[PDB]
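First, one chain by itself: the form deposited without this ligand, in structure tokens.
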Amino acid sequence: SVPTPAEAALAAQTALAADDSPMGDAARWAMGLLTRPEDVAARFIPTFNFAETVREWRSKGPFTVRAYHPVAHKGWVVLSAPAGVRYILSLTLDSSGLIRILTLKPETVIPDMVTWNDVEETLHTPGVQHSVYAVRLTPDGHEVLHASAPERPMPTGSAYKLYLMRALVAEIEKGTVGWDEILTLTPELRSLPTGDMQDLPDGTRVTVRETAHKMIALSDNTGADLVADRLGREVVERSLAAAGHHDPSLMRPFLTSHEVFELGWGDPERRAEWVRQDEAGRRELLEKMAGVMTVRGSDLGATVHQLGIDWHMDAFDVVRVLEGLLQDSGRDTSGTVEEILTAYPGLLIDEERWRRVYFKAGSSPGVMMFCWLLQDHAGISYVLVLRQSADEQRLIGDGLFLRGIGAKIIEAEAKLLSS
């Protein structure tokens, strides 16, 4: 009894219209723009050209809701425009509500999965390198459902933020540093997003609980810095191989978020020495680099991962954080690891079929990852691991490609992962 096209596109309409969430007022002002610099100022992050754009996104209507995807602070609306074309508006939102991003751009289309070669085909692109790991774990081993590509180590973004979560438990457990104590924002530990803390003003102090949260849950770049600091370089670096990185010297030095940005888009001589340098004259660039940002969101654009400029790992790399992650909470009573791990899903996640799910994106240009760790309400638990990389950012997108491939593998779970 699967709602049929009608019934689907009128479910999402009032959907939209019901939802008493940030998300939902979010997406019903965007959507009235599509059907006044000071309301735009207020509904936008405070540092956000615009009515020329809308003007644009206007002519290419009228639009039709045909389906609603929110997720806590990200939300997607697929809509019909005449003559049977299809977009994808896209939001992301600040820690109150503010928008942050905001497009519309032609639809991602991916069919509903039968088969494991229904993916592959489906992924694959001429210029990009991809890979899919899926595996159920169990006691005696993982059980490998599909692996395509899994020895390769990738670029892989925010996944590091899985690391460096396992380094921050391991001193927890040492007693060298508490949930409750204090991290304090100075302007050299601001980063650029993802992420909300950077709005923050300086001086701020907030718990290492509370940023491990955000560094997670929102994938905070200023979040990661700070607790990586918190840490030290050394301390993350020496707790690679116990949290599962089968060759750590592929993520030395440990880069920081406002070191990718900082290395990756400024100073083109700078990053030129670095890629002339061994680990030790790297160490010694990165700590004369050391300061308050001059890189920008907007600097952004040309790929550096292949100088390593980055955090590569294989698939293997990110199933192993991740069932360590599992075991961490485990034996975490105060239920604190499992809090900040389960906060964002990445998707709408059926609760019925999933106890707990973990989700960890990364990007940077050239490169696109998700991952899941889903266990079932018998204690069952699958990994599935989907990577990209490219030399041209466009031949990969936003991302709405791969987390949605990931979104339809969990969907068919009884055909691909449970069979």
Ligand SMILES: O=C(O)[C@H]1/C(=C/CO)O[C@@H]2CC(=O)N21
Given for the second form:
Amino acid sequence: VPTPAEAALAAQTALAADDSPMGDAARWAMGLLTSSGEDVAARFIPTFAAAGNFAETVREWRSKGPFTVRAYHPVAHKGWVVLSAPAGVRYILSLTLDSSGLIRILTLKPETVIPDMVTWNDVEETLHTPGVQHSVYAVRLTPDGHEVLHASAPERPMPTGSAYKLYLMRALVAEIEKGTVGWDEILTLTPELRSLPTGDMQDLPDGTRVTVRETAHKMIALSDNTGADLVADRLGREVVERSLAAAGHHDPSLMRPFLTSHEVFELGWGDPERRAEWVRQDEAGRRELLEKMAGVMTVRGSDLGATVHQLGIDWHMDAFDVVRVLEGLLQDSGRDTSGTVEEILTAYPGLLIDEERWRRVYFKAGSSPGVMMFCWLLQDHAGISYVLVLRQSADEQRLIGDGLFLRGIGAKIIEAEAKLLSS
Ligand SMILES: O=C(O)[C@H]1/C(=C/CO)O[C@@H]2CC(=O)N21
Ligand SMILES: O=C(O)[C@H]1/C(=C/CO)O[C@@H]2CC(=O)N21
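Alongside the form deposited without this ligand that was just displayed, please also present the structure of the form deposited with this ligand bound.
Next comes the full complex, this chain leading.
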């Protein structure tokens, strides 16, 4: 158990030594904060829209220092640096990178505090926020069903954002198995198929040719919305929908029509009249509205904010549905002797994982205004699997925040697995 001084020193050294895209970006961003006084444009994605306000943003950040590194948490294309400022005030620097190491998101925010968890009640009492509906569901998978380790509101259907991509993955695998689509088949990016971040594929030029395998990899590992939309277009909505009952969903009608990310963005934050039409329409009327809406996006990232999940403009499922889709994916992966499914599912575990404990970890996050979820399947080297599903929804995005809180609650549960999961 490293003492505070030990932990900070280790973090400082690790940041200095990290020879990776995240290490490069984190050191550069820390340089911005600690330094005496076009280099910016070269470090960020080409379409970085805050470039004008950025000089002021950095001035304001710098005014909060001086800063000392206390913790460093690189996780693939995501990274967090915990900083202490004067008088014991703490902040977190959050980085999200694109596929070549350019910065997409860079924030410096008040520290997200998550205590070490001893009991499930610690989890519940930490997580609870007035005005936020939450759910925690943890199970051990066994031959003859699931052993419930903890449950709060698992039966409640809730919006889950990009968790829907798990169903899309199962639908894709089902079609690969049938031979109607192939891993090396080429998908082509068109202006109409481009969606918003999360993801990187939207940044590719019109006409870019990508394999089904690479597109599915990004769909899961980067939560790539454009990747997901390319897959959903190739399979077709009917195929995606007809798959839902088999892949584990209890009431497919909640995700009919099964929306694309493009559709959620455009409907959710585009013209209000069209959105009011959705609300008053039945399934037929909604399908008709979506067909009419097909085309190039008008909605931009800056338009998002107001919650729309309460109108059905999201993907609703219960915690049991999440466990079923994950267990289904575990089965699909084992059946795939090529290891293609496994490589996609294990690429990004969402945390730094103890690989001596866990043979495989599947992970998926979901987020939309007023929506946050994280889920993991963890299987040890003996073959015992656990599934953890964390969900939050609210009428106001500010009650949820950037998702580090819920992720960090998951991190603490997994850290305390011997007490909370495998006791
Ligand atoms: O993949 C991740 O870890 C991302 C994510 C993606 C949702 O599409 O949602 C949570 C919030 C965040 O930064 N996480
Ligand atoms: O390891 C942890 O406890 C948490 C954390 C907390 C931020 O101080 O940062 C990383 C991301 C995450 O969930 N981990």
